[PDB]
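Student: Take these sequences, add in the hints, and give me the full structure.
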Amino acid sequence: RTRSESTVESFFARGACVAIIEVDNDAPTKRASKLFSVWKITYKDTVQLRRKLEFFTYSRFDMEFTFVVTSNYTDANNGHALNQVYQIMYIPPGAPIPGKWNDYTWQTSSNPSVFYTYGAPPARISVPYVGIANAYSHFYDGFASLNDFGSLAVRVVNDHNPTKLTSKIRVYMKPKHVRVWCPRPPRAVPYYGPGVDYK
Amino acid sequence: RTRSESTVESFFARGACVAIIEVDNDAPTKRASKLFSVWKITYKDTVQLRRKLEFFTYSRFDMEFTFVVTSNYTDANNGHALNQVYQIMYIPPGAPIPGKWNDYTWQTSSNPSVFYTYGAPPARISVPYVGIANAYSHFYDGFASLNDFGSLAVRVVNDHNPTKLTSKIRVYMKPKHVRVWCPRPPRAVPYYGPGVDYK
Amino acid sequence: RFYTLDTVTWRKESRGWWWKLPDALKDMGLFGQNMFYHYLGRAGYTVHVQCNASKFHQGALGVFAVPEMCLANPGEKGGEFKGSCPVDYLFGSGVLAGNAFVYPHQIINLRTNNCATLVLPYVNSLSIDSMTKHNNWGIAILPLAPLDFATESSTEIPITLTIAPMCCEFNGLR
Amino acid sequence: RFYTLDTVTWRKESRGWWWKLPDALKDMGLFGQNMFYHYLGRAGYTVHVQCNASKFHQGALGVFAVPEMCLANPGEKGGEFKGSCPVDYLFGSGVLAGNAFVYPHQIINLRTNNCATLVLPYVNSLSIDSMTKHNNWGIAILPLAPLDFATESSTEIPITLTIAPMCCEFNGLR
Amino acid sequence: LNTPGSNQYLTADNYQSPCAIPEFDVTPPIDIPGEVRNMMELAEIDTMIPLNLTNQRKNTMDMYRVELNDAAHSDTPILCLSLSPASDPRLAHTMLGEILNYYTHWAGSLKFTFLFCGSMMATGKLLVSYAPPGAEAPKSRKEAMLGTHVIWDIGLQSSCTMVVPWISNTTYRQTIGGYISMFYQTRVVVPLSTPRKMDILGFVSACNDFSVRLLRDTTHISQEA
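Protein chains in written order, with the UniProt record's numbering: chain A, 648 to 790, 810 to 865; chain B, 648 to 790, 810 to 865; chain C, 131 to 202, 217 to 228, 243 to 332; chain D, 131 to 202, 217 to 228, 243 to 332; chain E, 345 to 520, 527 to 575.
Keep in mind that the hints were calculated from the coordinates and are not lab data. Among these hints, one or two may not hold up.
Unchecked claim - Straight-line Cα separation of at most 16 Å, EDC-like style, residue types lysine to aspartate or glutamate; simulated pairs:
(1) E:486 with D:220
(2) B:830 with A:722
(3) C:226 with E:406
Tutor: Quick look at the structure:
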């Protein structure tokens, strides 16, 4: 035992990309012009973090989210565009999910939001323990894998611009203050779905 | 003896360019469009640092890496492009080397990475002693010149852009906390290869 | 008190047995009545496994206490593992049976002992929870060694499982 | 350390086995190397005989420590006695086997014990002598009772002989 | 001046972050049994070794055991284990191997426990030998006897535990050290009609001095590109 770099905090608190969000600005032309996508915060999208968390039954940790936004000009000769401003809103568990770009959910009455300006250092937010139970449940035998975690929504708040722009937002989640309980053996078969089914 | 400016730290801790990395964005047109090159960290590429380190057999030091990125428009009249974002990832010794732009090695599951935005101050990282032995071995008589040191990989994480851009990354390595053992005489013949062969 | 479940028989082709708690005790007299009459509850378990094997019998049994034994509700009799109905070597969760020892466990080697005991503390994400729709613990008995015997007598070794609740708490009478 | 010789098998027609010391240990690793590298030496012996017999096996074994066991040099495996190649009842010296108990001896009766130990002090006409061309001690195991077993299983009972030197002294390095 | 490390996100960065939900009523923790501080807790837990990897005995239950009584047996190693937990397939799938797969370097002693499952009336002896690093595994009983070895008795004793010491020139070696082999000593003797096909089980675990550094990614289950 003993020695550093082998602790639970060292094992779990590592930054990794967990989601990619595609947003547009205006001028659909021939595309759907998706202004937002919305992503439910979960650890099932990354195999490494999923395998690390499945090693235990109950866990408690805080989530630190880092957003990196990279914009691209679809047409090289559309003209210089004004600097883009992106709105990243955290949706707490139990809150309504946005369905339209200009709906009431984007008013940030109770949903935390951060505005990111292109060229600025990447946005960073910290989400504390938002679970309903005393610890997150990776396994539930009965009638809890969906341990809330809220969701993230990113949209462009710029005005109507004739030019076409596409931006990609990389979401990095770094767990903090990780505590684990009830050790479990590692997964030995490839994952199929969000459950424990095997083939 | 005595007097400053002659100490081992003063002699060794000096910044110098050790690597140049060429990266592209998109639109190969007629080129290979190299999105990454990957560079193994070593002191054999610079004659001055190599000669300074060959003065002793065993050495211990920490490496500070500074990256300066300069972008260039291949065609002067392609149009204004969005601000470029570059990903610089440090590969620890024993880790797999990236082979594709969108492979699993770029997910930063355990490889430290830093994102650099064009126009920002140059990126700076510090790599501690990552050797396996108690000190780096500049000479090995038996069956150790490749003293790990890891490697560096730089790629462009921007989306598909019709415009063509070329960027050059200058890597500066400044040793820190330099300690040396077993003094050796200076090299008297030009270097041929990574060994001690002479003609 | 001590509640004894139905006796299972060990064969030479048995792939193992599994039980769920407090699912196995839902109809076990007073404890089952209390867990049915209350919306919330909390209680520990004491697991005793008895193997009625003679000195001429060969084999080993692996008793594992798995918290939240999710499988990819029989009740008293539980169920059996499948050779190729959870998979025995996959432990019902796609995990090699060798790593199943991470859970609290006991080994019943017929050449050393014929009984084993286990202490199961209350494990859950809540201080108190319903005793009916949630399975707090699972008991898995696996044939670590194939059953063998002298060519004299007997074909089936009876196996007795006794579970006794402890630290019982009940709230929300209905 | 303890040096284990090759295991001999007890049969129903075995007439006994015999070994010579330090002849049996000439190739036994470090002790053999030391006795080969020195012109003169002196060391005692500790003899342990193990009989891997079950409770259903019958017979008795007689282990005798004979100083200067002259017979009227196989090495590790030793040799076997002859029914009519020394004669078992003549003890290899024309002496009735009944009188062989005058030497230090142990009796391995399968109904009472399955192992025996012996302490062999250094015996010679000189304080120090060569360890190669002189046999200080001889170990003889005789079947005092014929081997018998139930008509269920097994035909050969393994016998393990372990000899550990003691009070080792060496002089005259070559 | 724009330099690396300034106004850029770092994977191994550590500063304070703005709170998305200030003054949130976080649920207090409770004393959940099985709290673990360090990953080394899992490495010290005994894990059954898949030992006999064969084409019939693969991804099944028969691989975890090796039959210990043939008709005439042999003077050859019945089973052989290599001291490479992160490289040997017999030890890569164990808990120790899974833990080591996440770390490039490792150090410390190892513990191997062997227990056989048979009848109380079975009697015999077995030879367990440890080959020093850099030495070929013994091919015969005498070769095993020439090195470090122990005598395991089949009888009242039913389990044998051996500890492999930490023998390496460097403080930590890569997860990319000797052999452990078992040999018959005399024979396996059983009474009337006693089953002659008893089985043995192997377990591997880490010692208290175990330590790892330079955490890496795992090989099992990788599809992200």
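Student: Is it true that the CA of residue 830 (chain B) sits at most 16 Å from the CA of residue 722 (chain A)?
Tutor: holds (12 Å)
Student: For the pair supplied as a hint, residue 226 (chain C) and residue 406 (chain E), confirm whether the alpha-carbon distance does not exceed 16 Å.
Tutor: Given pair residue 226 (chain C), residue 406 (chain E) holds - Cα atoms ~14 Å apart, limit 16 Å.
Student: For a C-alpha distance cap of 16 Å, please report whether residue 486 (chain E) and residue 220 (chain D) respect it.
Tutor: holds (11 Å)
In summary, the structure agrees with every hint in the numbered list given earlier.
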